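J.: Please arrange chain A on chain B, whose structure you already have, making use of the hints.
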Amino acid sequence: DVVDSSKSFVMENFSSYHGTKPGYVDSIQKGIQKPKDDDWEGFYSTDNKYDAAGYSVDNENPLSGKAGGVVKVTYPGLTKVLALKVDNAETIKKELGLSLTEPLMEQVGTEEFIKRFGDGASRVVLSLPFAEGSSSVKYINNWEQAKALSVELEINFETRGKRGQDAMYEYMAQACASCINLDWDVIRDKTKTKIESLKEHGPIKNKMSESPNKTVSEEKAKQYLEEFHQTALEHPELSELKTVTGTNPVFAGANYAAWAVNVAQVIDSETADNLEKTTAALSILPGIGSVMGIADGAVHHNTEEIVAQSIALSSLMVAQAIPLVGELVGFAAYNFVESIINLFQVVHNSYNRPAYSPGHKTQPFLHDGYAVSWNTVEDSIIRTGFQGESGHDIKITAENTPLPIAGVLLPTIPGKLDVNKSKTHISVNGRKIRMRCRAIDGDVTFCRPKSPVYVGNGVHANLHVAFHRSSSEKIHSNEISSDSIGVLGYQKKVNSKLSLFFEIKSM
Amino acid sequence: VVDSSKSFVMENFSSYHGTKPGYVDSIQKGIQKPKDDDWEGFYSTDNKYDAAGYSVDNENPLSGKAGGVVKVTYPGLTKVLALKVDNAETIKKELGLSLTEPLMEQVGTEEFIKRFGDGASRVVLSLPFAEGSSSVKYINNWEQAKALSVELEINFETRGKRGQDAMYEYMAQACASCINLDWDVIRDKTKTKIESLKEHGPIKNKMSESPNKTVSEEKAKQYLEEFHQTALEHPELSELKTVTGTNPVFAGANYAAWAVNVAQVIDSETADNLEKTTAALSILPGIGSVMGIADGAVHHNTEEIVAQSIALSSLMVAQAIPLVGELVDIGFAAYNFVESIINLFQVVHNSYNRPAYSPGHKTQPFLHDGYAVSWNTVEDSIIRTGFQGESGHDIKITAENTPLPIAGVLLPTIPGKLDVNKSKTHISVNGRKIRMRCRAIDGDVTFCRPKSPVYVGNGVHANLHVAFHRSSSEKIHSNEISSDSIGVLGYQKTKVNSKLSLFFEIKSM
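Those protein sequences? They're chains B and A, same order as listed.
Going by the deposited numbering, the letters in the first sequence line up with residues 4 to 39, 47 to 187, 200 to 351, 354 to 516, 522 to 536, in that order.
Going by the deposited numbering, the letters in the second sequence line up with residues 5 to 39, 47 to 187, 200 to 516, 521 to 536, in that order.
Just so you know, the hints here were simulated from the structure itself, not pulled from any lab data.
One or more hints might be untrue.
[Claimed, not checked] The calculated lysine-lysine pairs, modelled on DSBU-like cross-linking and capped at a C-alpha distance of 30 Å, are: (1) B/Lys148 to B/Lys76; (2) B/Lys82 to A/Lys447; (3) A/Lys172 to B/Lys299; (4) B/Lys242 to A/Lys526; (5) A/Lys445 to A/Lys526; (6) B/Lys474 to A/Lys39; (7) B/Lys474 to A/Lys522; (8) B/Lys37 to B/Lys95; (9) B/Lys104 to A/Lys498; (10) A/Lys33 to A/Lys76; (11) B/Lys236 to B/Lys221; (12) B/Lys212 to B/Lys229; (13) A/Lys534 to A/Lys385; (14) A/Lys95 to B/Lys299; (15) B/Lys10 to A/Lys447; (16) A/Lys242 to B/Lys447; (17) A/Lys95 to A/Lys82; (18) A/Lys103 to B/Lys498; (19) B/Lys148 to B/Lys264.
So here's chain B without its partners, still in its complex pose:
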């Protein structure tokens, strides 16, 4: 009941990975020994060496400190991996036949437990899901049993001699072999070059002349820095940047200007002189998607050359913004570039990782003030291969004022998938609103509410879509055009489109 037999197995030479902090890379290869929540006291490892690497960073400087390494640990002989459906120790003790007083992970390393659950293996290791939205597992080893592990070096980020956490993040990026895999040495080099060239430019040094170079108001400051942004963006070392930041307003000069002003306001002398404190301060500021070129679910600035341009331009602007709104030194070219680079790497790594997009599974789709999502994972799956009914629930609301829901565009397959016009309805804070559904196409039906639907702060709707299958025959790739259900918001002539993406699947 608490033990999942689909993720449990006996294995010979069971291996797993362990992230190791700086200094312990060589020490640990002589054996796992505990140092000097107790139910879970134990030695931790994971089946994913890239997830292990995230545990390898200096515990005294966790945002920007050095990464240590990853080792691989192997049990000889036969090991039982005992996967648990819950991580509540007391539920595990009661559901198994265990003393509710003895710590769960003490019991796990005793011959009694190894008898009843090891299936003749020499050891039980507990297995739990690593994290929400990760398919990796976490292994929990009894500390004394773990003394049998052999330890091999997988990688030593310090051996690589790279700056910052370049080595750790470059290792993780291997997981994706669509994959941001940037050379941060190139970028750092190109970046230092651009700053120097930009500082010599005639029109740049000329617009620095116009700088009040004294404390002023924030709106004066933004206006000068918007000017500086326009001037500096004409340098031919920033010419690709000028082109790729022209259309999308997130990349505008005014957002670079707010960024530089936000940076100068939170950096004091004590902060600029320490890299951990700079990373902490910068990491809570809004607007960084302007300098990173990240908008609308995409990393647009995904070349070494264009990332260096963006980081160079922003370094200069921070250099300009400190006099006008701050008080210090130099920071702009030194610790500002180092922390910003680390922040770049955090976010790129998020975007490399497998992840459901807005409107997929239970991830909300946010658009035009609305928020919609599938209520459960199964709601987003249209099952096929049977004659009968299914129901699917979509949650809908909005952020403030009453916004309308005009209707929903639903897929139909001429004969193999049809809308149940009687069970399809929408419910607004519990008021059930029937729908009028007319096909506009062989492949699309449009359902309108029979009474006005509005959602907003404190008003939400549940849209219930009910499908009926006539044929028992499965639905084939070609048969379906759309991967999405289109909920329509207010009209602007067009409607705001809110997309809930489904998947066809058998039983």
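T.: Okay, now just chain A, sitting in the frame of chain B:
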């Protein structure tokens, strides 16, 4: 598939049925069938106000007339059999029924009644009425439904009110906070105010300044903002001037945008029919500006202020029609526009009357500063009490577009009864597990910072996992707990952080 906790036998079981106009007097002569069929049956509900929302002219559902509600009763004993699922195929298998015959035919069978009726004369099926409602829908077999007596609860046509006021005034009885407006008063006051406004010297004056022929949106808005400012000096609009001066949602700009946007979608054919006018207006954005609805509250909740807002908006629509209108009447402003917009007020007021979880409660998202955060499941939002040991609570976090930070989270603590498990509490960003550093800031609030920068955005979500430990087995009493929310902090903007609140309830077991 059968919830025994919603099933029961009852004497004189009664329910309610909403009745379209024309069938109100006729239905009282008995439930006869008319000339998914698993479900073909006679439908009723336990909540008479939910029934009232089935009573509107099918041909004109947006704006049409409302018939009534009748109460139907079985004599003797009835079995109410509450079902967990609405899939009839699944119901026939797990009840051992013919997988071919219509489920609601079988339910009217003498054999089915023996098996499941507990010695009641017949069986009625019971199902949840809708998401977000505590009502039930009852499905009656048609043959058995011949046994029902039928009494009038209310005939809306007979109250002789305009539009759908009878129905919405009836539904507002349910909440006895509560918008219970007299729409006759509001209608009369509104007609009165439109009259006086059109006579004002400065109105007729700034009205005579109108380009009075098609122009551009930016120029049309600019004049209507001017017009709006002049109109709001009239004394018949003085309360409105006061209550709309602060909230930017109620500003002249947004009355002007509302009115431009109306004139653009109303052509002579739409304008000459209330149903199509209501359809058209019902898909526009910005109605909250004239309704006085913002930030989760209905601010215009007196007859006087609603009539003032409707009157001013009627005038502005009249001014916007020459500058942007395909139509030529301007009579629309004072007739079908007012009728129609009144109906939309009623709709939205009713939504806010109805019991509903607020942002940040249960699985309702909390939408703020471009973030969306919610409890993953209803149980996550409940901190159970009265035991020693552990619990976990999942909060989902994302954002609409560019990467926004999560600076940390504020968590409640009670000296002995409730502690942050600093080991199990983490945050997971597209699968990347990030540990926290938790410090107490006060005896009742602990603050947890992530140990690697957290950013969320389109395509990047986080699961904040909060682990609580109780050392005492004593229950938490209300005095112990200051906050009813967990505060997730976003970006920093005097230095402050954006606050995202997830509201929890303390329960036993």
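J.: It remains to establish, for every hint, whether it holds in the given structure.
T.: Evaluated hints:
1. B/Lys148 to B/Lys76: holds, 24 Å
2. B/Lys82 to A/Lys447: Status holds; Cα separation ~24 Å.
3. A/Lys172 to B/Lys299: Not satisfied, since the Cα-Cα distance of roughly 68 Å exceeds 30 Å.
4. B/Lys242 to A/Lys526: Holds, because 29 Å separates the two Cα atoms, which is no more than 30 Å.
5. A/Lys445 to A/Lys526: Between A/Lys445 and A/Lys526 the Cα gap is close to 22 Å, so the pair holds against 30 Å.
6. B/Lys474 to A/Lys39: It holds: about 24 Å lies between the C-alpha atoms, which stays within 30 Å.
7. B/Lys474 to A/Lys522: violated, 48 Å
8. B/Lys37 to B/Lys95: Roughly 26 Å between the alpha carbons, so the hint for B/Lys37 and B/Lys95 holds.
9. B/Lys104 to A/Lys498: holds, 22 Å
10. A/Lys33 to A/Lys76: holds, 22 Å
11. B/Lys236 to B/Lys221: It holds: about 20 Å lies between the C-alpha atoms, which stays within 30 Å.
12. B/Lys212 to B/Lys229: holds, 23 Å
13. A/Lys534 to A/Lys385: holds, 13 Å
14. A/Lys95 to B/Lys299: Violated, at about 55 Å.
15. B/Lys10 to A/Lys447: holds, 22 Å
16. A/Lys242 to B/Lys447: Not OK: A/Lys242 and B/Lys447 at ~48 Å, beyond 30 Å, violated.
17. A/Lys95 to A/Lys82: holds, 25 Å
18. A/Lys103 to B/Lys498: Judged against 30 Å, a Cα distance of about 23 Å means the pair holds.
19. B/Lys148 to B/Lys264: Cα-Cα ~46 Å, so violated.
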